[PDB]
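Peer 1: Starting from the given sequences, assemble the full structure and let the hints guide the process.
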Amino acid sequence: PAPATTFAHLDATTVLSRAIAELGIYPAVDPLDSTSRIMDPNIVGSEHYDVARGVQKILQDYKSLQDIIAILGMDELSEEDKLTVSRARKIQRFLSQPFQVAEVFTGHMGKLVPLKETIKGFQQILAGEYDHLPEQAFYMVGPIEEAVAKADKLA
Amino acid sequence: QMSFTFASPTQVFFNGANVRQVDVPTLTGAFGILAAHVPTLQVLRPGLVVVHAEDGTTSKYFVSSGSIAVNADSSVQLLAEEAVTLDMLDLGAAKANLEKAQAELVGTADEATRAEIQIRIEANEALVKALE
Amino acid sequence: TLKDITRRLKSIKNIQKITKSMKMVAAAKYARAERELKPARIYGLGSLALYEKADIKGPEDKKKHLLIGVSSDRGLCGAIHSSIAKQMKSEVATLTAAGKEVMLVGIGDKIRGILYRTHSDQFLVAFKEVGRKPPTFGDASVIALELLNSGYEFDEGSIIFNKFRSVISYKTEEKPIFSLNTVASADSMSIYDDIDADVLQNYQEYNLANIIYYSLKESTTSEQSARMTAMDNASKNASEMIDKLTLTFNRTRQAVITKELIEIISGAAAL
Numbered sequence: 323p324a325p326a327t328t329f330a331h332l333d334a335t336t337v338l339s340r341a342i343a344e345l346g347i348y349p350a351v352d353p354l355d356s357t358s359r360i361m362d363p364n365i366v367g368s369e370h371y372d373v374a375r376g377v378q379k380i381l382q383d384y385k386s387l388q389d390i391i392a393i394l395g396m397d398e399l400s401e402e403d404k405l406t407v408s409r410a411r412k413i414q415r416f417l418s419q420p421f422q423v424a425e426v427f428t429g430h431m432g433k434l435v436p437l438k439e440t441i442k443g444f445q446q447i448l449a450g451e452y453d454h455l456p457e458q459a460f461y462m463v464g465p466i467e468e469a470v471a472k473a474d475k476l477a
Numbered sequence: 015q016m017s018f019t020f021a022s023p024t025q026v027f028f029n030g031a032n033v034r035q036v037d038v039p040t041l042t043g044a045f046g047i048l049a050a051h052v053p054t055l056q057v058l059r060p061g062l063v064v065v066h067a068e069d070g071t072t073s074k075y076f077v078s079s080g081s082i083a084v085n086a087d088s089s090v091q092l093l094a095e096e097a098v099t100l101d102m103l104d105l106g107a108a109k110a111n112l113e114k115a116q117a118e119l120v121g122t123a124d125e126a127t128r129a130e131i132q133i134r135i136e137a138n139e140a141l142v143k144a145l146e
Numbered sequence: 002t003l004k005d006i007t008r009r010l011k012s013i014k015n016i017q018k019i020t021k022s023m024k025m026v027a028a029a030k031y032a033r034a035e036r037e038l039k040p041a042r043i044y045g046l047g048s049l050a051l052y053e054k055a056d057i058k059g060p061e062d063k064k065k066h067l068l069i070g071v072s073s074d075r076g077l078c079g080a081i082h083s084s085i086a087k088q089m090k091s092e093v094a095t096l097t098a099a100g101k102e103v104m105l106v107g108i109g110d111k112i113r114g115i116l117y118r119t120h121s122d123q124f125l126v127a128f129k130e131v132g133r134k135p136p137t138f139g140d141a142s143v144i145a146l147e148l149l150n151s152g153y154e155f156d157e158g159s160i161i162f163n164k165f166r167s168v169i170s171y172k173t174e175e176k177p178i179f180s181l182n183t184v185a186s187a188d189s190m191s192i193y194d195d196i197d198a199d200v201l202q203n204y205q206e207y208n209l210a211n212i213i214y215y216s217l218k219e220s221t222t223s224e225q226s227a228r229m230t231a232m233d234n235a236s237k238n239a240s241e242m243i244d245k246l247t248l249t250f251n252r253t254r255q256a257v258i259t260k261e262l263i264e265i266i267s268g269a270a271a272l
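In order, the protein sequences belong to chains F, H and G. According to the authors' numbering, the first sequence is numbered sequentially starting from 323. According to the authors' numbering, the second sequence is numbered sequentially starting from 15. According to the authors' numbering, the third sequence is numbered sequentially starting from 2.
Hints in this document: simulated from the structure, not taken from any laboratory. There may be inaccurate statements among the hints.
Claimed, not checked - With the Cβ distance kept under 10 Å, some of the chain H side facing chain G (calculated, not the full set):
#1 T42
#2 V52
#3 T54
#4 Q56
#5 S79
#6 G80
#7 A86
#8 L92
#9 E96
#10 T99
Even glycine gets a Cβ: it sits at the ideal position worked out from N, Cα and C.
Peer 2: As structure tokens, then:
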């Protein structure tokens, strides 16, 4: 009753989830449970809106595939389905970001990704422009430049 | 000295056995194969295949097509598409099929199907003669 | 929620017993898959023993190439169609690197669907209905017919299948397939007797059909075994999921009982 009553009082909610923090992702924001009253194409611009909705849609499709992937293996999916799974795992990793105040117990350097860099990076990941790098390249980076720099450092 | 391997897609009649002489109905004539035979490879036409064992007994199969191959090491491999022992057949069905094919031949006119018919006739003639 | 938990648990139980049934059926087909291999294995190897003994090496100076890949029409096999796909892709890459005009042929709906998108131009003919029934020589003869009656004289070729090694192990293998001119011009073929272009042509065609049959009889056994193992793993995965759901269900059941008790005692204690 307490948080379910608070929900109505807020203009923007960010719902951290334990199932995500236990994936190592941080911040543990749940991308499929956080909402905002300004996520509207007439406010944040049609480009930002389309990018956000595409990210949410692909993550929701991966969440739907979860049980098939868990039981009936990964190599029993459609090629399009494997594409969405790979892209969605990449997006999951990319949504994480190291914090300047979390560098005391992690060591990594805190990043501050401007809005344009985020929109561009997610445009590019949606468009499959990085289906060759391992998903591991996106975990705990700054903008997409650092993602590809790490992916090159992976060898 | 002769390592024989008579086989069919679904059955192995001989394998690495030691026979004395095998007679095959090659598409370019019949011929016999004993040890140390000159190396050759040939394709078969419907006919008997008599395999002579060392003791002297003879196993008389019938093969419709396939490939015989005798190699430098006196190792013979005979693969047959349909290798039936002679008992599983009969003269009446063969003769009737022969008549049907001859009739279709004297009825047909196109070279492709005419050749098909003549092949069927050859198989059936070889059948009737090979049985009895 | 107790009810939705029961719903999801029943769903997972359903697919779990489904995979159990399918695993036992796959094992029942692995029986008669391993039996009909031994005679067919002897037959195919007897076919190849010539090329092996005469030691033909094929030409490394020609371009027109044929790539046959054997698979089935049924999924759930595991890493079968993926393995054939990867081998065919790698070899298409390697060969087209040397400018060799490569054409493709796929025995099985799965491999054709997997390779058709990235490789559509490099493609002549595919085949279906393979996998439901244990393959027989009639099938291989039909395939050889279709391959010869294609207007494409391959100077070399290779078939790629899944050589069945054991109930747990299979190796994606690739057998070579020479053409008339290869065996003809092979100097080591000078010691073979009563040989001319016609006999060699007939023997070439018959060996093509033979090796296709051999690949089919190997791939079917490999696929049955792989499907058995994959369905076993899926059953164990669903069993673990069922244990998780049972834990959650017991938790929710306790919660519901406690909540209803609190409702009762609070509605009674207001008097």
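Peer 1: If any of the earlier hints don't hold here, list their numbers in rising order.
Peer 2: 10
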